[PDB]
Structures are given as C-alpha cells and as structure tokens.
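S.K.: The primary structure of each chain is shown beneath.
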Amino acid sequence: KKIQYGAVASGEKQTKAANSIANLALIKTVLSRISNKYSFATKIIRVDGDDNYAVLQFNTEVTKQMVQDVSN
Amino acid sequence: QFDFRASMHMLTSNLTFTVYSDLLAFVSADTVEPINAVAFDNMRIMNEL
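First to last, the sequence lines map onto chains A and E.
Numbering of the first sequence is given in the deposited numbering, commencing with residue 582 and proceeding in unit increments.
Numbering of the second sequence is given in the deposited numbering, commencing with residue 839 and proceeding in unit increments.
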C-alpha cells in the first residue's frame, strides 16, 4: 500500500530539534488566546519533543474555579 | 403559677445579615517589577553594578 503522508514522523535528523521549535511556537499562540479571559505572567515554558509544561503566575490566589476554567 | 398574659415577651432582632470570615480573599495584590523596588529611603535595593 502507498499512503499519502505529508506530516512529521521520527527517524529524520532534524526531528529532535525542529519538533522542539514547533512546540514553542504552538504553546506561545495558545497562551496568547487564553489571556483574554485571565491576566497572568508566564514564568517558564520548557519543551522536550512533544511533552511540555508552562507555569502561569496569577494576580489573586488560585481557587477551584480558576483551575476548572483554564483547563476548559 | 403560669400567667399567660404576663409571660409573653417580644423578642427583637434583625432581618438579614451576610456573615463573612476570610476578609483578605477579596483583595488581589501584585508586585511591581523587582528590578525597581525601593527601600525605606528613596533609592532602590541592589542598585550597584
């Protein structure tokens, strides 16, 4: 079978250093769309392939409602 | 002896309260940029290069 596949798989040479650029450009665009509902200051972003994290620092104290509505 | 006409009493109170406990859960504070933070005098702490 010959299947069309225009996407990114592993086994290339750049797939460890160009997948880390596509995360830091995609999680920078999502954290700019979520800042229309909240007001924070991004402390760190750290990407390793396709598993990452980001630490957002808020003004008021974090409650149970600001955790359920950021995840949504 | 139980006198019904002399034992009635009108108890007075309020209608409606709303009692709060944690008062500092209403304010929302924030720090200034920490490179410009002033001491008890006018100048800033950690200014000397």
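Just so you know, these hints were derived from the structure itself, not from any lab.
Virtual Cβ for every residue (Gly too), placed ideally from N, Cα, C.
Hints may contain errors.
Stated by the list, open to error - Pairwise CB distance ranges (calculated):
(1) A:606 <-> E:858: 53 to 63 Å
(2) A:636 <-> E:884: 18 to 28 Å
(3) E:870 <-> A:626: 47 to 57 Å
(4) E:860 <-> A:595: 21 to 31 Å
(5) E:870 <-> A:625: 36 to 46 Å
(6) A:613 <-> E:865: 43 to 53 Å
(7) E:859 <-> A:652: 52 to 62 Å
(8) E:854 <-> A:646: 51 to 61 Å
(9) A:643 <-> E:846: 22 to 32 Å
(10) E:857 <-> A:610: 39 to 49 Å
(11) A:645 <-> E:841: 31 to 41 Å
(12) A:596 <-> E:870: 55 to 65 Å
(13) E:882 <-> A:612: 43 to 53 Å
(14) A:613 <-> E:864: 58 to 68 Å
To be verified - Far from chain E, by Cβ distances over 12 Å, these chain A residues were calculated:
(15) 586
(16) 589
(17) 614
(18) 620
(19) 622
(20) 625
(21) 644
S.K.: Decide, hint by hint, whether the structure agrees.
M.R.: Against the structure, the hints come out as follows:
1. Residue 606 of chain A and residue 858 of chain E have their C-beta atoms about 46 Å apart, which leaves the hinted 53 to 63 Å range violated.
2. Checked against the given bound of 18 to 28 Å, the beta carbons of residue 636 of chain A and residue 884 of chain E, roughly 24 Å apart, stay inside it.
3. Checked against the hint of 47 to 57 Å, the C-beta distance between residue 870 of chain E and residue 626 of chain A comes to roughly 24 Å, which is inconsistent with it.
4. Here the CB-CB span from residue 860 of chain E to residue 595 of chain A is close to 53 Å, at odds with the stated 21 to 31 Å.
5. Checking the proposed 36 to 46 Å range against residue 870 of chain E and residue 625 of chain A shows it is violated: the Cβ atoms sit about 21 Å from each other.
6. Our hint of 43 to 53 Å for residue 613 of chain A and residue 865 of chain E is violated, since their Cβ atoms are close to 28 Å apart.
7. A hinted range of 52 to 62 Å is violated for the C-beta pair residue 859 of chain E and residue 652 of chain A, which are about 28 Å apart.
8. At about 26 Å, the beta-carbon gap between residue 854 of chain E and residue 646 of chain A misses the expected band of 51 to 61 Å.
9. A hinted range of 22 to 32 Å for the beta carbons of residue 643 of chain A and residue 846 of chain E is inconsistent with their spacing of about 55 Å.
10. Between residue 857 of chain E and residue 610 of chain A the CB atoms are about 46 Å apart, so this pair conforms to the stated range of 39 to 49 Å.
11. At roughly 57 Å, the beta carbons of residue 645 of chain A and residue 841 of chain E sit outside the given window of 31 to 41 Å.
12. One distance hint, 55 to 65 Å for the beta-carbon pair residue 596 of chain A and residue 870 of chain E, is violated here, with the actual separation near 43 Å.
13. At about 31 Å, the beta-carbon gap between residue 882 of chain E and residue 612 of chain A misses the expected band of 43 to 53 Å.
14. For residue 613 of chain A and residue 864 of chain E, the Cβ-Cβ distance of about 29 Å falls outside the hinted range of 58 to 68 Å, so the restraint is violated.
15. Annotated as non-interface, residue 586 of chain A keeps its C-beta farther than 12 Å from every C-beta of chain E; the closest such distance is 48 Å.
16. For residue 589 of chain A, the condition that its CB be more than 12 Å from all CB atoms of chain E holds, with the nearest at approximately 40 Å.
17. Chain E leaves residue 614 of chain A outside its interface by the beta-carbon criterion, the shortest separation being 23 Å against a cut-off of 12 Å.
18. Residue-level check failed: residue 620 of chain A sits 9 Å from the nearest beta carbon of chain E, not beyond 12 Å.
19. Listed as outside the interface, residue 622 of chain A is inconsistent with that label: its C-beta sits roughly 9 Å from the nearest C-beta of chain E, within the 12 Å cut-off.
20. Consistency note on residue 625 of chain A: stated as away from chain E, and its beta-carbon is indeed over 12 Å from all of that chain's, at 16 Å minimum.
21. At roughly 9 Å, the least C-beta separation between residue 644 of chain A and chain E is not larger than 12 Å, which violates its mark as non-interface.
Hint compliance for this structure: hints 1, 3, 4, 5, 6, 7, 8, 9, 11, 12, 13, 14, 18, 19 and 21 are not met, and every other hint is.
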